[PDB]
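What follows is one chain in structure tokens, specifically the form solved without the partner chain.
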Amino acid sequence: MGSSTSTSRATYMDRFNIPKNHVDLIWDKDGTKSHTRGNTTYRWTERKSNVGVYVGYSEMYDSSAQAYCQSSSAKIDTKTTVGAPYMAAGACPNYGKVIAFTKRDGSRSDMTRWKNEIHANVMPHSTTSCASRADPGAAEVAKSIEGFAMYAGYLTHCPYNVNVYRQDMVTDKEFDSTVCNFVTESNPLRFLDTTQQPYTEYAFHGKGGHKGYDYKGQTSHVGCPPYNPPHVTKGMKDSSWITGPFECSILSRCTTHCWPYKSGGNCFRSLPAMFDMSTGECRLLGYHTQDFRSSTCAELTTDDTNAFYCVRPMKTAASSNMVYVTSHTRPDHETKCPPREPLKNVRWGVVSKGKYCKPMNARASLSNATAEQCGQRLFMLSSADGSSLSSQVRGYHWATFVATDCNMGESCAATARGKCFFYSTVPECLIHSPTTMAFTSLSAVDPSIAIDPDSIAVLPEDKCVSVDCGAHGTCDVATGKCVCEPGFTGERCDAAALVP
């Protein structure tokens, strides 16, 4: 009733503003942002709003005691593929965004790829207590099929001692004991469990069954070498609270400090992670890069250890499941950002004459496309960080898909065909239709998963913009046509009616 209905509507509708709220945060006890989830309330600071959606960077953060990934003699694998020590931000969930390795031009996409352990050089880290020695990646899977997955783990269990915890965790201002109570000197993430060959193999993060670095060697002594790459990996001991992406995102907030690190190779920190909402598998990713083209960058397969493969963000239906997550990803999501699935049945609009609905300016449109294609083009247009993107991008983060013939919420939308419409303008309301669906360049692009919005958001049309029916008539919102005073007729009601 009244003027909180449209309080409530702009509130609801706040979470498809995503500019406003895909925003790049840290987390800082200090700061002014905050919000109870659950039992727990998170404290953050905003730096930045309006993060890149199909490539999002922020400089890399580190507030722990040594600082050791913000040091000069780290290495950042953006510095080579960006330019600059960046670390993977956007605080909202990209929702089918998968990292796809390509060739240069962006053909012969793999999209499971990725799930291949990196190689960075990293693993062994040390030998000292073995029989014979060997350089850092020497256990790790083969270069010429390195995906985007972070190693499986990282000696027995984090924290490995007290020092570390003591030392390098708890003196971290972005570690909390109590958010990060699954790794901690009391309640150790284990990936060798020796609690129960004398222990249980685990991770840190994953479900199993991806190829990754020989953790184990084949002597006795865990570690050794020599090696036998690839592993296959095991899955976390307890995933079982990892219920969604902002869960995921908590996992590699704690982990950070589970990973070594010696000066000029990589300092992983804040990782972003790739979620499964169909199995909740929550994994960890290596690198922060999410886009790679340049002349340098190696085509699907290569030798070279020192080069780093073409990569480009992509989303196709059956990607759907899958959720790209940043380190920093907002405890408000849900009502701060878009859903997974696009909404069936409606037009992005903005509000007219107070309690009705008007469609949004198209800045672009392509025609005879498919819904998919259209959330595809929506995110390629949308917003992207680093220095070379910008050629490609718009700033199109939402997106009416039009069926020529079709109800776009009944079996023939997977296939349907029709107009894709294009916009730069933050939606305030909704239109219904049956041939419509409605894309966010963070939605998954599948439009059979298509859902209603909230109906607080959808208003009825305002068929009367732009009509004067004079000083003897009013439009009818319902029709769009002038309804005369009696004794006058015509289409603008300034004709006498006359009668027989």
Second form
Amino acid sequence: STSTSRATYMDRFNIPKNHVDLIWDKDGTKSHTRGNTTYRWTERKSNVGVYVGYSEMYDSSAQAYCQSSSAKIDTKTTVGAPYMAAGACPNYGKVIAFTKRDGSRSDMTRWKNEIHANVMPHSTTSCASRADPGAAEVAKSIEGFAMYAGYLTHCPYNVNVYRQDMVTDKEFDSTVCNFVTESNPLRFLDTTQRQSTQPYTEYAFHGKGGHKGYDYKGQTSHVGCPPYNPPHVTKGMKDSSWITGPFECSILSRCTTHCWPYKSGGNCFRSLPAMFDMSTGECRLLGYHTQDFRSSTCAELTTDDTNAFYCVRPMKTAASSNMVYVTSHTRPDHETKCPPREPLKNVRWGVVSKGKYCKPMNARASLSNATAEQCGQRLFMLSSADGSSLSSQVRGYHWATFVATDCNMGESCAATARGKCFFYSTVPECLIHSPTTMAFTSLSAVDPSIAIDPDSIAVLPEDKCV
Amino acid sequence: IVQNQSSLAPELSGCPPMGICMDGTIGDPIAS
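Let's see the other form, the form deposited with the partner chain bound, since the form solved without the partner chain is already up.
Every chain and every other molecule in the complex is listed next, the one we just looked at coming first.
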């Protein structure tokens, strides 16, 4: 049945239903087999914010470390609650931009620098001198959002990390996380590969190298000891080859929580979000869950105050369309449950009319004389957001149809064409073909020049009698 | 004091603070 197949396909565009807050649990009622592995999860709620997505920090380790009132989570300060970044669908084009408080002078590559959360060095035991946490980290004035490259020589560093923290964590699975176990640890300083210069080869728990990060070594031959001279240029993972897409990137986050140190009163790192680069395959863990901060106390682009947090907000641009914002709890069936990266060329969102026709959805709102990129950007900014304060801005719009004044939106004019953006809060059931239109979702990249066709199962002739 | 195992690790290592000794050798990872 084509109608059934159409509904099954169009399910991937039902963002409020499918962009959920899930947690991993072997007794969860939700499941999906991806390749050889059956993933199990619980859906805590639906309709997670797309622009900014949060849910309460969930820690099912035996000690429940990051659920403690004394655990510092970056969102407590910036949002007012201990939130992890949430949302089961990969968010294409979404980058955490460093901005002024009014959103101007945005910097969409600053995030690649490491954080300065006053963590490293965590210990200086046996060192000739001491140093406070923070001393080894990149200068506050160049702080980004990327998680530290690594910690200790490898993870799990000892069998107690593995047996007391990892295996008894209800979100951990030794098969899914088979690259960070006792028998197959994730290497930061690989001592099995000595060099003429030093007794190890440097890798990283995440990333492909080349970034500004903390000085893990210090200036002395006693690795980890003060003094430090950041920034240090990071190296890449020893083996990133299994990270083939955004969901695999989320697995790197899922599995590496216990690789980071936590002591009462300090930052507790868990369920970290990540950036995936579709063009290079790089998976980079982010150290912060915060996605938007624009309070009067936010630092605008540069500060020396290590107790301040930078002004940031999510942004999409045509040029950011290779980037993907991925939460730790990405759903393994996302290809069939979530929108694809590319906008959809030459179609209009609709709902089924009289069985075998499609009528356009009813617009909630419109924007005139916009570009297609602007349509996708504003859709994103008007979609949904957790954290309360942006509720007056977001409207619940997850689908938009751009109608060019006189450009075929599959041709080269698409990148500069102006026209009208129509915004919708209705779940779509079908698509109508048109030469002069392009369809966006709030999870789509916003470059009209990469737009592709939907599956033709979605497309029906227009009901022109409405 | 509440801390996770990776936080405690350098205090148990034979080669603190990161697991590489002054002479470039490693671990006993749990030496005490």
